[PDB]
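Taking the form solved without ligand DGP, here's one chain by itself in C-alpha cells.
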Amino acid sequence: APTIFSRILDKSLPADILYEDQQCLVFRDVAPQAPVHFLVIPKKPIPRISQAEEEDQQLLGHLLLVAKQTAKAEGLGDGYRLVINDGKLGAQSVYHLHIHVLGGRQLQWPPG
C-alpha cells in the first residue's frame, strides 16, 4: 500500500526538505529535470488528482500556495512551471499526489 513518499514523510528516507507543516511537505526531486526541481506533497495520501474530492479544496489550494512560496524562496523569479501528472498517460511516477515545480532553465512547449 504505501509508496516511497511514505518514507519521505516519516523521515526514514533522508530528503532535502524545503518546507514542512502539518498539511504538507516539500522536498527536492532526486531525479531532477531542471536546475531547481522540487515536489510539494500532501500528508494526506491522496493517490492522484483525479481522486481528490470537494473536502480536499482547502488542502489543494494550500499546496499551490506552498508551491509558489517555495518557488520564490528558491529564487525562481524569472519564471517556473508547476506540473501535476495523473495516471499512466500523464506519466505519473509515484501514486501519491505531488506537484512538480521546475525552474532555473527555460521550459519548453509543449509540456511533454
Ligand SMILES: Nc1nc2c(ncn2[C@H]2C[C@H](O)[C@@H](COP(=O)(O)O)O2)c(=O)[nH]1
Contents of the next structure:
There are 2 protein chains.
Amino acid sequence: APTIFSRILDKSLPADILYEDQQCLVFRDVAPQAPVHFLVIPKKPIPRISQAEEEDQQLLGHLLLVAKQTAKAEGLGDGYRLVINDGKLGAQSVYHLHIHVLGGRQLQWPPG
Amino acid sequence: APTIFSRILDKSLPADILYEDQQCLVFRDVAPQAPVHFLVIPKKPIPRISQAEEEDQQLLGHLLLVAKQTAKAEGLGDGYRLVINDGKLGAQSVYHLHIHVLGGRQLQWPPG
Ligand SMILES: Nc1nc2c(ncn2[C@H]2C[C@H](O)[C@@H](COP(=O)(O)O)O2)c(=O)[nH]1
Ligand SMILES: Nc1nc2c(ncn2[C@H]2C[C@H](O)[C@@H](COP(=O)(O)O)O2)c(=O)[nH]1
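Return one more block: the form deposited with ligand DGP bound, after the form solved without ligand DGP shown previously.
Full assembly next; the chain just shown is listed first.
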C-alpha cells in the first residue's frame, strides 16, 4: 500500500512540483543524476510497469506526453532520456509507477 | 524520411521479430546491451519522443503495454528497464520513435 510517493502526492512530504493534473504528478528527484532529473508519476497507484493493464493504456501515453512537454518547459531541446525500471534487475526502489526524465548533460550508453 | 527501421519494417533488412500488430513492431537489437535487448517501435513513423502529439496518446501507452507483455514472454520477472532516448544529449541514433527493453542481467544506476 503506502510508498514514499504517497507522502509526495498527499503533500505531507516536501517535493519540488513542476506540474500536476487529475491523472498524474511531476516532481524533481531529491537524488538528481543530471542537472535536470524529475519524475512523472500517475495518481492511480500502479506499483510496477509490469503490473499495468489495458485500462491504463491512455494513462501511460499521457505520462509519456507529460514527460516530453515537461522536458521542453525545462529547456531540454538538445536531448534527454526517459527511464522506467521494473523489479530488482531493473534496480527499482519506489514501487509506484514513475517515468524518470534526465537531461542538461550527455547521457552515455549503455544506460546502466 | 527513410531510416534503418524503414528497412526492418518493410522487411528488406533482416531482423529478429518477437511481435507485430497494426500499430507497432517488436524486434531484437543487433547490438544487445543485455542478454535480452529488443526494441518496441511504432508503425506511424514519429521521429523523436519530443515530436509526439496528443493524437499519439493511445499509441504511446500501447507501445508501453506491448513492451511489458513482451518482457513477460521473454521471462523477465526478476526485472528489466525501458529507455527512450531523445536528440544528441539523449544519445539517439535511429530517428524513429522506439522503446528499448533491457533485462536478464542487473542494470546499474545511473542509467548512463
Ligand atoms: N524528490 C524525491 N525523490 C525521491 C525521494 N525518495 C526517493 N526518491 C527518488 C529517488 C529515485 O531516483 C526514485 C525511485 O526510482 P526507482 O529506483 O526506479 O523506483 O525516487 C524523496 O523523498 N524525494
Ligand atoms: N536489430 C537491429 N538494431 C539496430 C540496427 N541498427 C541500429 N539498431 C539499434 C541499435 C540501437 O540500440 C538502436 C537505436 O537507439 P537510439 O540511439 O536510442 O536511437 O537501434 C539493425 O540493423 N538491426
